[PDB]
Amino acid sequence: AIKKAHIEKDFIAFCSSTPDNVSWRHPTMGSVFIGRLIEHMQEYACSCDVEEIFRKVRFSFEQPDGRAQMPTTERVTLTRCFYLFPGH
């Protein structure tokens, strides 16, 4: 039997296209966007869904001062909350 399906569904993109060129002092520095994504993923994967963790990432980046980032959530076709349920 045949059923109908959306061709594009259940996507979420999270992008930083805010300029991020290499630092003069300590060039082997990790991207702050990635570092901050990881810190929020580590802390909030248990309690928040990804759509929310991406917001929390943004909220933490609200005030520019050093390395200024404002990453967008894009192309969202999520129909449900995606909870990572760490260790389940």
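What we label the rigid core is the largest C-alpha set whose atoms superpose within 1.5 Å from one form to the other. Positions refer to the first chain, counted from 1. Compared with the form deposited in another entry:
Once you line up the core between these two forms, the Cα of residue 77 stays within less than 2 Å of where it was. With the core held fixed, the Cα of residue 30 is displaced between these two forms by less than 2 Å. Taking the rigid core as fixed, one finds a CA shift for residue 20 of 2 Å or more between these two forms.
Compare with the form deposited in one PDB entry: the form deposited in another entry:
Next up is only this chain, free of partner chains and other molecules.
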């Protein structure tokens, strides 16, 4: 027996900036989006789902400085909450 499945499902993309716009990177400190994402994942993977975490990353960029960027979540087909349950 054969069954139908959605061709595209359970995806989430997270980009460092909005379309048309630059993303910033420091020669010794690395990319700000990457560093920010690691920090937030380290902090919130235990209590928040990945979509929640990505929103928090976005919020941390809310107030623009001299090097503004706004990380964007794209093409989301997550039907459920993705909890990482670190330690398990």
